[PDB]
Amino acid sequence: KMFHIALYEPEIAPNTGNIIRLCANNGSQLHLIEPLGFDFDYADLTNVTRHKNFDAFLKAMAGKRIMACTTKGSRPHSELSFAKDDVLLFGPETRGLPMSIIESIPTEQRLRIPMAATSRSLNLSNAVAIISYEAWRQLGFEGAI
Amino acid sequence: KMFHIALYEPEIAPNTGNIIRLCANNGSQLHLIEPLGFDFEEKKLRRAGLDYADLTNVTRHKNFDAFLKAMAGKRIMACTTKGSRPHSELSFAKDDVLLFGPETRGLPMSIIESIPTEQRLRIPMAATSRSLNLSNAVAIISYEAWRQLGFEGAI
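As they're listed, the protein sequences go chains A and B. Mind the numbering: the first sequence is residues 0 to 39, 50 to 154 in PDB author numbering, read in order. Counting from 0, one number per residue, gives the positions in the second sequence under PDB author numbering.
The following block holds chain A by itself, in its conformation from the complex:
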């Protein structure tokens, strides 16, 4: 696997469906951190790991570098130096990551996607796509045909 995409308590089933397919496209593992806000190709499901809670997730990822998507004390995603086996952690669609999780992540590991003057947020699946494909670009798209 190139990267670990981690979704904290995701809300909207279609976004998670899109992210599962995206993870097959960039060669990444998806991690769903329960509780999920909806019910849970078969080859596309061999790339998904469910974790009972955030603590179980941390144990399973112990030793990996965790990047969090947040606008609090973050740089533009393209300014971080990504590496194989990085974890890319995303908050749910309507709330973002809780402060207790954001505070446990150093500011050097916080990333945001730049925005123009517009009040609308990006769809979560598109945000994962932009961040994971920027990270993959930095690794010369290792494993692509």
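Accuracy of the hints is not assured; some may be wrong.
[As the list claims (entries may be wrong)] Below, a sample of chain A positions facing chain B; criterion: calculated Cβ distance under 7 angstroms:
1. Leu21
2. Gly26
3. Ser87
4. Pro123
5. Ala126
[Said to hold, decoys possible] Heads up, simulated DSBU-like pairs for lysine-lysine below, C-alpha to C-alpha not over 35 angstroms straight-line:
6. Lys42/B with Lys68/B
7. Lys81/A with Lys0/B
8. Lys0/B with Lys68/B
9. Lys93/B with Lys73/B
10. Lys68/B with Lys43/B
11. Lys81/B with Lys93/A
12. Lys43/B with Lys0/B
13. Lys61/B with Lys43/B
14. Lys93/B with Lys43/B
15. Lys43/B with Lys73/B
16. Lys81/A with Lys93/A
17. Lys68/A with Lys93/A
18. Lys73/A with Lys0/A
19. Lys0/A with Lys81/B
20. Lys93/B with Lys81/A
21. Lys93/B with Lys93/A
22. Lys81/A with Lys43/B
23. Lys61/A with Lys93/A
Hints were generated in silico from the structure; no laboratory data involved. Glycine included, each C-beta is placed from N, C-alpha and C at the ideal position.
Following the hints, complete the assembly by docking chain B onto the known chain A.
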């Protein structure tokens, strides 16, 4: 102002909802080339969490000929699997057009073969059997292009 995102005959309303957000976020104009596979019903933007103020950056074109007249003189990149070079290998510039085929079909051959090979873009893939969701493909290519221009217009 930044780029022109052009969707040829898009099929699925939620993808277009996502791409409206993408274009508002990077300071781009969205171009919908009819026929579309959905309307812009009040009820339809409602389900997308959007309204008509979000459509101030959207242009509808009656057909591809109308689109070409409107884009007269602009550089047109085709985002296609029958593309030659990865999206990140092209050098983008302000006012570039990024043209995407619909969800289930590619662009017609008359469009693809009329575009120089060096302006045909593909997104690298681990698994080539599966295609990218159209909203994700737009996101990847438009934000790579915006990165090359130092995210001009971000706040």
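Right, here's what the structure says about each hint:
1. Residue-level restraint check for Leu21/A holds (minimum Cβ-Cβ distance to chain B is 6 angstroms; threshold 7 angstroms).
2. For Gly26/A, the interface hint holds, the least distance from its beta-carbon to any beta-carbon of chain B being 3 angstroms, beneath 7 angstroms.
3. With a cut of 7 angstroms, the hint placing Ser87/A at the interface with chain B holds, because the nearest CB-to-CB distance is about 5 angstroms.
4. Here the hint on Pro123/A is kept, as its CB sits about 4 angstroms from the closest CB of chain B, short of 7 angstroms.
5. The closest approach between the C-beta of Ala126/A and any C-beta of chain B is roughly 5 angstroms, which is under the 7 angstroms cut-off, so the hint is satisfied.
6. Proximity of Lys42/B to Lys68/B is assessed by CA-CA distance (about 32 angstroms); at most 35 angstroms being required, the pair is judged to hold.
7. For the hint pairing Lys81/A with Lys0/B, the CA-to-CA distance comes to about 28 angstroms; that is within 35 angstroms, so the pair holds.
8. For the suggested pair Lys0/B and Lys68/B, the alpha carbons sit about 18 angstroms apart, so the restraint of at most 35 angstroms is met.
9. Proximity of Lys93/B to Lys73/B is assessed by CA-CA distance (about 10 angstroms); at most 35 angstroms being required, the pair is judged to hold.
10. Distance check on the hinted pair: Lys68/B and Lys43/B sit about 29 angstroms apart at the alpha-carbon level, within 35 angstroms; holds.
11. A C-alpha spacing of about 29 angstroms is found between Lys81/B and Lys93/A, which places the hinted pair at or below 35 angstroms, so the restraint holds.
12. For the hint linking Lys43/B to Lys0/B, the alpha-carbon distance of about 26 angstroms falls within 35 angstroms, and the restraint holds.
13. At roughly 20 angstroms between alpha-carbon atoms, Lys61/B and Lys43/B fall within 35 angstroms of each other, so this suggested pair holds.
14. Note on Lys93/B and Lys43/B: the hinted pairing holds, with a Cα-Cα distance of about 31 angstroms set against a maximum of 35 angstroms.
15. Simply put, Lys43/B and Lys73/B have alpha-carbon atoms about 32 angstroms apart, close enough for the 35 angstroms limit, and the pair holds.
16. About 25 angstroms separates the Cα atoms of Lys81/A and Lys93/A, which keeps this hinted pair within 35 angstroms; it holds.
17. At roughly 19 angstroms between alpha-carbon atoms, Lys68/A and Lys93/A fall within 35 angstroms of each other, so this suggested pair holds.
18. Of the supplied pair hints, the one linking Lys73/A and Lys0/A holds, its CA atoms being roughly 13 angstroms apart against a limit of 35 angstroms.
19. Our distance criterion of 35 angstroms between C-alpha atoms is met by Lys0/A and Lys81/B, whose separation comes to about 26 angstroms.
20. Between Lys93/B and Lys81/A, the direct Cα distance comes to roughly 29 angstroms. Compliance with the 35 angstroms bound is thereby established for this hinted pair.
21. Only pairs whose Cα atoms come within 35 angstroms are accepted, and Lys93/B paired with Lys93/A is accepted, the gap being roughly 32 angstroms.
22. Between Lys81/A and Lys43/B, the direct Cα distance comes to roughly 33 angstroms. Compliance with the 35 angstroms bound is thereby established for this hinted pair.
23. Distance hint between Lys61/A and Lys93/A is fulfilled; the C-alpha atoms sit about 25 angstroms from each other, no more than 35 angstroms.
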